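Take a look at this one; I'll ask things after.
Missing here: one protein chain of the complex. Every other protein chain is in place.
Lettered A, B, C, D and E in written order, each chain numbered from 1.
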Amino acid sequence: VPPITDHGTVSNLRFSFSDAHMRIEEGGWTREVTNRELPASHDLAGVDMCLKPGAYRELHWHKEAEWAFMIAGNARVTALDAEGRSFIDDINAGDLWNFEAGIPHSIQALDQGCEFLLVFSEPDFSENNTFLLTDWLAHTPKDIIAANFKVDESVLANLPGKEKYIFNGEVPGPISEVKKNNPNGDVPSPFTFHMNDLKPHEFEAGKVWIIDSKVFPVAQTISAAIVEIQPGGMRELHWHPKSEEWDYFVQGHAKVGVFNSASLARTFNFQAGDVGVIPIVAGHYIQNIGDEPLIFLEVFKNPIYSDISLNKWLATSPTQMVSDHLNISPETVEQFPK
Amino acid sequence: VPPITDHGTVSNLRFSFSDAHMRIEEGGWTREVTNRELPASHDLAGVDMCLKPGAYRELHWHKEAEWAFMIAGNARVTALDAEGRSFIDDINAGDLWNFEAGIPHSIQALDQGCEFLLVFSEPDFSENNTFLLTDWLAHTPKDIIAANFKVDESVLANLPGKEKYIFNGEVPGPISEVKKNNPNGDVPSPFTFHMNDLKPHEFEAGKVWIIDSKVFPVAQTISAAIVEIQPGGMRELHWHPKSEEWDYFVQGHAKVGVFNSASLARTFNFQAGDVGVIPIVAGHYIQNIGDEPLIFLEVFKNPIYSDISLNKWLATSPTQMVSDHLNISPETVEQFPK
Amino acid sequence: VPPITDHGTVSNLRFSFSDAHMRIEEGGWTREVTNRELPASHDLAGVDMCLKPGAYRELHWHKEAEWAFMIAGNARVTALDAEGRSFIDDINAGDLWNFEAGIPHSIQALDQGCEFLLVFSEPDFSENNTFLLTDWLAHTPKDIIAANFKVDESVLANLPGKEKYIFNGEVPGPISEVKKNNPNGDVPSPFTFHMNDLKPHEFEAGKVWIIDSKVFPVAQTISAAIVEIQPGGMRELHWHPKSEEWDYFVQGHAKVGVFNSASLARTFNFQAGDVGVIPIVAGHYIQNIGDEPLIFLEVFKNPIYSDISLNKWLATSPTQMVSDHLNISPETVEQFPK
Amino acid sequence: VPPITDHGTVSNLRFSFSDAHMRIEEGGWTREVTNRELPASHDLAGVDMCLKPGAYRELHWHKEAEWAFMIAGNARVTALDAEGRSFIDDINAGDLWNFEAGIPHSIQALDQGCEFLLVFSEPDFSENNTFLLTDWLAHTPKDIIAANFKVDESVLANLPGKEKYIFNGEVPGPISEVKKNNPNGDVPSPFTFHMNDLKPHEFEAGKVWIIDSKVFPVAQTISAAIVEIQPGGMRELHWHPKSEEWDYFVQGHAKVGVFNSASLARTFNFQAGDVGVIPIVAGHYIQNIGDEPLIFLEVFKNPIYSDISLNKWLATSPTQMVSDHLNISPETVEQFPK
Amino acid sequence: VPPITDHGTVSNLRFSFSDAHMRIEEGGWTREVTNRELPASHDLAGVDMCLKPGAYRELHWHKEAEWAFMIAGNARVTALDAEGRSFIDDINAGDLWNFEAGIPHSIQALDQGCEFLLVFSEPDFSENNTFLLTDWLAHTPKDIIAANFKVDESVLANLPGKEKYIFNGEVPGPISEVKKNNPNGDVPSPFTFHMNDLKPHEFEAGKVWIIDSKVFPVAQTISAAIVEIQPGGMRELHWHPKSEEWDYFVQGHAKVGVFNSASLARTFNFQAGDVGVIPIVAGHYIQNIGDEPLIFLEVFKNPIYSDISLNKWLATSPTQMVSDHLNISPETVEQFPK
Partner (left out) sequence: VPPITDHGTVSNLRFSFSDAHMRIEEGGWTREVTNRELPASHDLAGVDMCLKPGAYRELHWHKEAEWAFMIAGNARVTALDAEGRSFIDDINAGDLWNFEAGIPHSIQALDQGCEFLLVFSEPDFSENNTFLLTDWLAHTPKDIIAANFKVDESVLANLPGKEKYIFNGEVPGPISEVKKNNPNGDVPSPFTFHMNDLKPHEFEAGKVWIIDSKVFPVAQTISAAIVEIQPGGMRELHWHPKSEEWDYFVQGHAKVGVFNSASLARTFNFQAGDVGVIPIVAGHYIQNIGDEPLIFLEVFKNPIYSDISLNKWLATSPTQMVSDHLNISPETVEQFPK
C-alpha cells in the first residue's frame, strides 16, 4: 500500500540484483544491473562481482570509468596509467578503488575471497563487453604478437584461443615480493581509497562518509557517499542540485520517497540487494524501517558531491516567507531544525 | 517585403512574448518562449514574469540554470548554495541575478511590483514543471514530514495540499531586520549584479554592457551583453565563434539580418518584447530602424562572451587579399573602419 | 584473404581519398572523407586540398575547429582571434596550423603551390558548407554593407554576387611588406607549428612526433602523432584509453589490425591515400608491409595525447599473474620488451 | 486573457502566414509554415502561393504528397502518373487537387491569377527544396541531356543555368486546343476535385464538406473537411480518433480550445491566414467570435475522415452513467443534443 | 542457478506486476508494466486493473488501441465508433474486449466486481495519461460547455473540477432496460469476444485459443493466443516470424528459454503476476514446472497470429540435410514428431 501522497506516473526506480542473470565461472560469479534492467538510470550502471580466494578478474580495460566499493573479503588490484607509471595495492571490505576511462587493471581475491560493487560511467555498460587480454591476443596474428614480444612463435603455442574472464589462481605473495620494477615509478596519487583514513560526518540518526575528488584525487568521474543510519532514523528530505543519484543498498531495509516535479511522487521499499535511482534534482528521503543499521551508497557521475537539505533551506529563509508558504505560525516555523 | 539578398530555407527566428499563452494567478502572471514556440532555439529558453507588490514567486528549484534581467520595479531574492551558505538581496530595474543548476531560491516583489525576464539553460524549459516547496510537501507523507521537522503530525494540519506558484504577500521589512543567522555565513560571491556598477564599452552607434564570468563570477553557465543602439545606428556585421545567440528586445525597432552558411539568408523585423535567435557562428547585423534608442539582450549559453567583427577581420587581413576577394581597389579597402 | 584470427562484424574502417568526389575550381581542388563516406568515424572528418601557386582559399570560418598537416609546397595563413589580435605566417611541408571554433582565417599558396590535409572536429563536416566572406556579402543588403563600411553604395557595385571558394591570385610579397598594422598586436601564441622545432620520440623501428596542447598551446581540441616506421617495422600493440583514433596515411603500405571488444577483430590493408578510424579504446597494431618508409598521422579529438602499450602493461604486471593469464612460464614472460 | 479553465504546458499551436518569409518572384510569391515555425505539427506542412495571370509554378516534383485548396482565382494543372498516363484540368476558387508522392506536375494561373493553399505529407517540407525541371537539367552534363533528348547539344544553348521556380507566361489556350497526345491515355481518376460536385453535411451552426478517399479516390494520403460556421455558431466539442489535425483559417475570427490529457488545456484566437494544430485525439472546440462566417480547413494525414462528438458519446451512454459522471440529474442529461 | 546453455548479454525480460506501483481509488486499483519497467518491450504495455462491484472506470479514450482479457468477475463495457454507432455488452472471466485507437468507452463492474488485464499498442502508455471525460469538462469554459449541451450555466454548477478516474456506483440494471436508443444503431461487429464461442486447438501437452482478426474482426491492431499447458507439458520450440511477443502469466510456474541471435540465450522463471517479452523472431520454449495447469497469454501488435515450429521445420526438410546439420543418423531424424 503506497502513501496517500503518491501521485502521477513515475518510472520504476528499484531493481534487485537477485533478479539479475548470474554468469557463473569457476572462481567466481558476476551479475549486473544496467539500463536494460532499469531504464530510469541515465548515468551509471552497477555490477556485483564475487571471486573465490586467489581467483583472477582477468586483465582488462574499458571505455567507461570504474568505481568500486569493497563489500566483503580482501583483494589485490594492479593497474597502469597513461604516463607509464604502475600501481599495485591490497584492500579490504569498505575500501574503494577507481580506474578512469581506458586505464587497464586487474583484480585478484586474496585469502578471504572477495565480493565488490563496481559502478560504470555509462548506463548501458556490460561486463561481457570488456576488453580482455586473452581475447585480444586470441584475435591477434601470432606473427604479429611474436614481433611485438620480440620472441619466436613457438613459445606462444599455448596462448589461450578463448577468454578466461574469471579464473582460478593461487593467492599471491606480499606486494614487496611480487612488485615489478618500473623506471617511471608509481602513479602520483593512488587508484585506491582506504576508508578508515576518512572520518564521517555524524548526524542525528547515523554517519555519512563523503568520497569525492577533494578526498580521492584520481576519482574525476564518479563520486559517492556511504550512509549508515540507525533504526528509527532517517536521511532527511533533500535533493542533489547537479546530478541524478544511483544507489546500492548494502544492508538493511528502507522506505524511499521520490518527488519529481509536477505533482509527481512515488514511494518504494528497498532492501540489501537493491539498486535504486533518484532522478536529477528530485526531492527524496530515505527512512530506516528495519531493526539493523541501514547502509547504502549514493553514487553520482560528478567529481564533486553536493546536496541541499530542506531544513537548511527553510532555516535560512525569512520566517514570514516560510510561514506564508506553509500556513503555519512563525513561532512554529522557528522550532524546525536548523 | 524581404530584401532581394535573402535566399534559401532559414528557420523562423522571431517570436513575440505577446503571442505566448499567459498564466495569470492571484498576485502575478507568467509567459514563456521555448523550443515549443521557437524551435530554432537549441540552448536557452525565456520567461517573462510579473509580480504584484509583495507577491511571492514560490520557493522553488530546477535542473536548469537561471539568468534574470530586471525589466521594471524592485524585488528581493533569497537562495542557498550547495555548501549551506545563504543569500538575500534587493534589486531594481536593470539589475541581474543568476542561480546555477539546482540552487533553490525565492523572489518577492517589493513596493513597486516587478517585471523581469528569466533565461534558462535548456531550450525546453517550462515554468509549469518547476520543483515547488508546497508541491513537494503536498506529496510527502505527513509522518515523514513530521519526523523531518522533528515536530508532531498535528502541527502540519494546515499545510497546503496543492501548489501556490505565485501568491500574494505583504511587502517585507528591511534585510537588516528579516535576515536569519547562518553559521555557514553568506555566499562568497553574490548571486546578484547591480548594473550601475558596470561601465559600458562605447562605440559609434551605441553602448554595450558585457556581463560574463569575468564580471559576474557565479554566472558560470549563461552570459550576456546589453546593447543600446541610437537612432540611425547599427550593430555592425559580426559573429560569435562559440555559441548560438538568444535575444530579447527591450525597447525600439530593429531590422536583423542573418546569414547562415551556403547562400542562406533571412531578414526579420523585431520590436519590443520579441525573442530572437541567431544560429551558431552565423553572420548577422542589427540595425535600429526606429525613432528611439534600441535596447536588447544578446544572451549565450557560454561562460565567456566573445565575438568577431567583419571590419576588424578585413582591416587585419592583407589588403591585396581583401581587394581580390571583394573586387574593390586597395585604396578604398584601406578606407574601411578598423 | 583475411587472417584466421579475425572474427565478427566490424564496420568498415578504410576509405580512400581517391574514392572521394573531387571539387575542381579555378586555382585548386578539394575532396573530403566524412561519416557520409566512413560512418565508423564519430569525431573527425578529413579534407584534402590543393592550391595552385598564388591561389586563394577564400576567407572563411566555420563552427568546427581546424587542425592541418602540410603535405607539400608552401603557403601563407592569416587569422584573427576573439580579442582582436591578428596572425600571419608561412609554412612548408610537414608544418601544421590550427584554428579553433569560429576563428576566421585564409590560406594562400606561395611560389610552390601547396597540398595539405585538414581535420575537423565534427564527423559530418562539409567543405561546401563553410562561412564564406563573399557568400556573406552577396547575401547582405548593399545599404547595410555600405553603412558597415560607411562607404557609398557606388563603391560596392562590383561585389561578387556569388561565392569564390577557391580562386586565382598572384603569389604575394614578404610578410614584412604585406603585414597590416594592428594596435592589438599579434596573437600571444602562434596558430602555427613548425615541425623543425620538435624532436621525435624514437623507438626501434621508427620515430613519432607527438603534438598536443602541451606542445602546441592553441590546439585545445585536436591533437596528433606523426609516425614514421621503417620497412620491416611495426607500431607495437597498444590502445588509446580516451578517444577514437583517426588516421591519414601519408606514404607507404600498412597492415592494420584492430580488436574491438567481445572477440571482434578485423585486419585492413592501408595505402598512401587512405583514411582510417580505430574505435575508442580498441586495441591495435600497425605494421609496415612495404619497402619504403611508412608515414601516417594518428589524430584525436582530445587536447592531450595518451596511449598504453601492451608490452609496458605486462611489464608492470606481476609475473605469476601474466603467466597464469597467457599459459606461458615466468621465464619466457621475463623475456618480453619493456 | 486566457480562460480560468486553462492549465498546464501545451505547445504553441498557432502561426500566422503573415509571419512567414515571403519569397517573391517575377510572376508570383510563396510562403510556408512548417515545423520550423510550428514544431507541434508532426504530420503536415502548409504553403500559401500566389500566381499572376498566366504565371507558371515550374514543372517539378517532390518526395511528399501534396494536397491543394484553391483560395481565389483560376488555374490549370498538369501531371503524370507512374503508368505513363497524363492529366490536365482547370479549377476555380474552392476546388482541390492532389498529387501523390513523386508525381510530377505543373500549375499555371489563367486570366484571373490565383492564390492557393498547398498541404504536404511531411512536417519538415519546404518549397525551396523541391525538384525543379530546370534545376535538374542545369545540373546534368549537356552531352547526357542531348543523347537523352536524341538531339544535338546547341539547341540546349539557351537552357537555363539556374532554376525558374515561378516565372511569367501567357494565359494558355483551351485544353481541347492544347492537349498533347499520349498513347497511354488519361489517368483513370482525376487528380482534381471540383467542389460544386459535393453536397455539404448540414448542422445546426453551419456546413461541413468532407473530402477523403471515399470522395476523392486518388487522395490516399491526405483528407480534409471544409467547415463554415455561422456567427454565434460553434464546432461542437469533439476529437479525431486516428490522427493529428492541421488547420487553415480562410475567413473569420475563432476561439479554439484544446484539451490534451492530464489537466492540460490551452485556448487560442485564430484569424484568417492562421495555421493551427490539434494534437492527436485531443478534445477541442472551435467557436466563431466574429460577425462574419468562419471558414476553415481541417486537414489530416489520413485517407479516411473520422471524428467523435461528445454529445453523441453522452447520448449513447447509459443515462445513470452520464449523470454519475457529471453530477447532473438524469432529467437534464436527457436534454442534451443527440 | 542458470543453465550452462545460457550465454551472452540479453536484456531482462521479466517484470512482476507485484513490483509495480499501485494507484488506489475509491472503488478500485490499477498498476502497469511498461518500458519504464521493461525496456525490452517495444510494442505493447500492460495494465492490471481491478474494480469493486458497481465501480466505474471513467468514460475515457486514448490515442492507443486497447485489448483486454477478463481475469475474474464480470463487467459491462460501452463504446462508440467513428460512424456514431453504439456498443454495449457484458462479459465474464475469460472474455475479451477491443477498442481501436481513439474509440471512446467506459467500464463498470457488475455484482461480482472485476479484475482484468489491458494491453495497449504502445510500450510507453500510462494509465495516468488517459483522456478523461470529467478532466476535459473541468478544463473547458463553462460558457462553451453550456452552448455545447444547449443548457444554461446554472445547470453546470456541480460539474467536477477534477477527474474521477475510478469511482463507486450502483450495479446497473439489465442492458435491455438501460440501453439508449441510437438512431444510428449498433456497431456492425462487437467490440467484445465471448470465449465459449471458440474451440481451442489441442496438442498433447495442452490447449491454445487463437484470437486474431480472422476470429475477432474489430481487433485489427492486437491479437493473442491463450495457452494452457498441463503439468509435465511444454510449449514446443518455436518462434513468431513477424513480431515481438508480450506475455502475461495468468496461473502456474514456468521456465522460459529465449535464444536471440549470435549465441545469445537466457532462461527465466515465470509465475502468476509476471509479464514477459520475447524479442522478434527469437526462438523460445515455455515449460510448465509446477503442479497445476499453466495458463498464459502470448500477445502481439499484429492483426494475424503466426508461428513456426522447429519440429515442423525439420520434418518438412530433407533428412540428409537435417542429419548433416545435427550429426544425427537419418533413421533417428525420421522419428521426430511431425
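What we mean here is this: a contact is a pair of C-beta atoms (placed from the backbone, for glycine too) under 8 Å apart; a residue touches a chain by one contact, two chains touch by 3 or more.
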Which candidate, D:133, D:198 or D:208, sits in contact with the chain we can't see? D:133
Where the complex has a chain not shown, which of E:150, E:201 or E:242 is the residue touching it? E:242
Touch rule applied to chain E and the missing chain gives residues 3, 5-7, 234, 236-237, 239-242, 257, 259, 261-265, 267, 280-283, 285, 287, 306-308, 310-313, 315-321, 324-328, 332, 335-337
Touching the unshown chain, chain D contributes residues 56, 58-59, 61-63, 78, 80, 82-84, 86, 88, 100-104, 106, 108, 128-131, 133-142, 144-145, 147-151, 155-156, 158-160, 163-164, 167, 169-170, 172, 178-180, 182
Spell out, residue by residue, where the missing chain touches chain C. 1-2, 6, 8-12, 14, 19-24, 35-37, 39-40, 126, 128-129, 266
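Keep in mind that, in the parts below, only the chains that are shown with their structure count from here on.
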Taking B-D as the reference interface, identify its repeat among D-E, A-C or A-E, namely the pair sharing over half of the contact pairs by residue number. A-E
Can you list the residues of chain C that touch 2 or more other chains? none
Line, ring, star, complete or other: which describes how these chains touch one another? other
